[PDB]
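> If you want the building blocks of each chain, they are given just below.
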Amino acid sequence: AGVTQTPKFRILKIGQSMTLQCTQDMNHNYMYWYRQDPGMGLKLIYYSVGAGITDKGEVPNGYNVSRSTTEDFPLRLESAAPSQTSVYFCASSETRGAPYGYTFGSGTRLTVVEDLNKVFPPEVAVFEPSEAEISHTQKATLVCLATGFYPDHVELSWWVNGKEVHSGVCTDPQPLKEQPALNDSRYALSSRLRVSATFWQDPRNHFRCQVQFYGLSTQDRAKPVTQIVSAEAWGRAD
Amino acid sequence: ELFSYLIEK
Amino acid sequence: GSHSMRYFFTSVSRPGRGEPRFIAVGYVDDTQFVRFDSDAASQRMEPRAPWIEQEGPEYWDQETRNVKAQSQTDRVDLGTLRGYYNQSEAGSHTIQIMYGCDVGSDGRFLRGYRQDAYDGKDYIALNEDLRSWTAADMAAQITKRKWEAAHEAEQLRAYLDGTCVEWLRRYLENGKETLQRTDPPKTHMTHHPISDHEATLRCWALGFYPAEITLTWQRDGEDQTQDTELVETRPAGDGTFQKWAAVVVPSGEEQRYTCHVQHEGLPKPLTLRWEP
Amino acid sequence: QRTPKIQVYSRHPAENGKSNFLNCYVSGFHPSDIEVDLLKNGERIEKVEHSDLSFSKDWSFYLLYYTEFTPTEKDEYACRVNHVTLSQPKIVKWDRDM
Amino acid sequence: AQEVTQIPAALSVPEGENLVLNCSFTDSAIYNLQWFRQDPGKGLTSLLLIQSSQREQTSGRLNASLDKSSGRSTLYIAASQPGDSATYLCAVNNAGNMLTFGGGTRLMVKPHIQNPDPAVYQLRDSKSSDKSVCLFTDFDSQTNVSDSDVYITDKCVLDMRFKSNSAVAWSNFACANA
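Residue numbers (the authors' numbering), protein chains in the order written: chain E, 3 to 219, 225 to 245; chain C, 1 to 9; chain A, 1 to 276; chain B, 2 to 99; chain D, 2 to 147, 151 to 165, 169 to 179, 183 to 188.
Honestly, the hints are just simulated from the structure, not real lab data.
No residue lacks a Cβ here, since even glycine has one placed at the ideal position from N, Cα and C.
Take the hints with a grain of salt, since some may be wrong.
A short, non-exhaustive set of chain B residues, derived as facing chain A with CB atoms under 7 Å [what the hints assert, rightly or not]: (1) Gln8; (2) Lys19; (3) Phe22; (4) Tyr26; (5) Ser28; (6) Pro32; (7) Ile35; (8) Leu54; (9) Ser55.
Full structure from sequences and hints, please.
Here it is as structure tokens:
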């Protein structure tokens, strides 16, 4: 339904080629490609006003597009460069004026890397609440910590007794860098789950921190592919 | 200066 | 006197031979000041009158973006209208657009207009009130609905009696030496016998500006409006205009006829008569 | 379908041996496709500029074709126009004394 | 050309308090103006769409104004709540430049903590190892947090349905410092 954008993410070597797919079945003449760097707004790369024509936008350099059909408007990267690391959004509209606004795709997070030995999956570990905290506040705060992963594209989530929870949960706005000065620093993300002292002091309760990692699709170590690395801890009345 | 409020026919 | 700014757009479909031909031209009175041609190498709005070149890079960037937008709109419309009239994809078709505004000597708004055509026939036009549209056929009535919903009239009126008038005043002031000058016509007369008992008297006016002129023939000081060959006012190529009017006269009675010339540049209307 | 009207004339008044411009003004025609040549003694002149395509209230198109020329007593100049509406290419001869 | 700007780029506001987000654009010849919501990692959500003719648009607790004279738009958020926390983008559409986006304003709507109780706690790793972390929590929404071998994260909003803030620090060193 609406604009469909593939892929959702991609890790690519400096110089390798990639083709982002964008499809819509609403028969829209107008289709657009935007990119967004962290903390900035969308910048128009290329656009098309119908089947058989394309025209350059604000930042067209290093990108190629085609429009054989009304349905499809793919974006091609001839030679990937560090500056092409960005989030790419595709859009469509019935008219130029777009009085219902543009129909936008989900987005494609692109990471350009010097080599595929600079990518790493996360190591996850859960930390049990402080006895001082429990004794002082009658509350138990579990802390989860994902460390040594790249790129920053991960999704952390707490799971209590097999079910996902949101009440009493707190995740970092963005990851922290293990060597901030370095341009290809491995990231570290933390999260907290707070429950009652009684709910923690009970061995029937199971707390799991699940961290989805979006990575690759040839070293002796494990190839950093799209994994789900977890870490868990159980309550204790002793 | 050109008219810019362009609506398709 | 009264001045005008007009833009003219021609879009011609070239099926099998790539994109449609697009020609946009801007006129102050009868002087072209801007041009865009899809087949030209520049792919820019280009100056065509000396007085527009003092406009900065912002003006040229903006008019290039807006003329390209009009081109793209015409490209879509050609495909749409082809659908409305259920025409074949093999056939070549033409969309023509003219819009502009007129101002008086004081430089205040007089009137505005826009007219659209398909294959050299009326499609849709803005009315004198600048609030409603006249649709030529059922196909144009579909366009009218889509323009009524988008409020094209309200936004076009705002241009025609606002933006249009403002930029015309600016152009007229910047191009003062050429645009607001008045050159009176250099007049003369030629004699061409068709046969016996008959001859053609032709009354000439050359090097005049602006194009507005009135050539009329008289017999014994009485206007001969009916039996007069009045040629189309033509450009000289140096920024001036040329015109002639002709009447068939029986040989001997050349002295009976006179040519009257009315023009702004003249301090007094001229009255020519044939002389050996 | 509208037939092109043709006017052939000089930019300035004709004086033999003095550099001038030869004009061919084609108006009142539709559609836009047209083939306009300027002739010296029946031969096509190569270097010929023209105005950008515009049109009148009735939608009929007009163009000015022009080239640098030095008129003489004997040299013949003409404008040759071809258009879908014309039976044959229309040649109109330059007459300075018109 | 169309240049859209959003100053300030960041705005911190306490829960319940009304706020304003600023948008300026240089080309006032427009089809419409648009306000988008963007959550971290997610796409865009259209909040309001003001036509060039229209003066304001209203959708629940959201109100947006349009002034083509100055070339400005303001987004009014009434009775702000932590759910409103996101990046807000201003977009302007016209023939020449098409839909053109501002830089964006990152809005932080901080929770009102009724009973602060600031304290730094040391937490042991679940798996049998020396690994540990320091947890500073139960501090008011006003106080903020900031060596290479020690890492300190930013504060976040923990709502246990009571509310609390928390920040974590760790090293390969005691929790007495920071």
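> Now tell me, hint by hint, if it's right for this structure.
Verification of the hints:
1. Because the smallest distance between the Cβ of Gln8 of chain B and any Cβ of chain A comes to about 5 Å, under 7 Å, the interface hint for this residue holds.
2. Hint status for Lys19 of chain B: violated, given a least beta-carbon distance of 14 Å to chain A, over 7 Å.
3. Interface restraint check: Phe22 of chain B against chain A, minimum CB-CB distance 5 Å, threshold 7 Å, status holds.
4. Residue-level restraint check for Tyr26 of chain B holds (minimum Cβ-Cβ distance to chain A is 5 Å; threshold 7 Å).
5. This hint holds: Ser28 of chain B has a C-beta 6 Å from the nearest C-beta of chain A, less than the 7 Å allowed.
6. Hint status for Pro32 of chain B relative to chain A: holds, with the closest Cβ pair at about 6 Å, below 7 Å.
7. For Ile35 of chain B, the interface hint is violated, the least distance from its beta-carbon to any beta-carbon of chain A being 12 Å, above 7 Å.
8. At its closest, the beta carbon of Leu54 of chain B sits 5 Å from a beta carbon of chain A; the interface hint therefore holds under the 7 Å criterion.
9. At a threshold of 7 Å, the smallest CB-CB gap from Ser55 of chain B to chain A is about 5 Å, leaving the interface hint in force.
In the structure shown, a violation is registered for the earlier hints numbered 2, 7, in ascending order.
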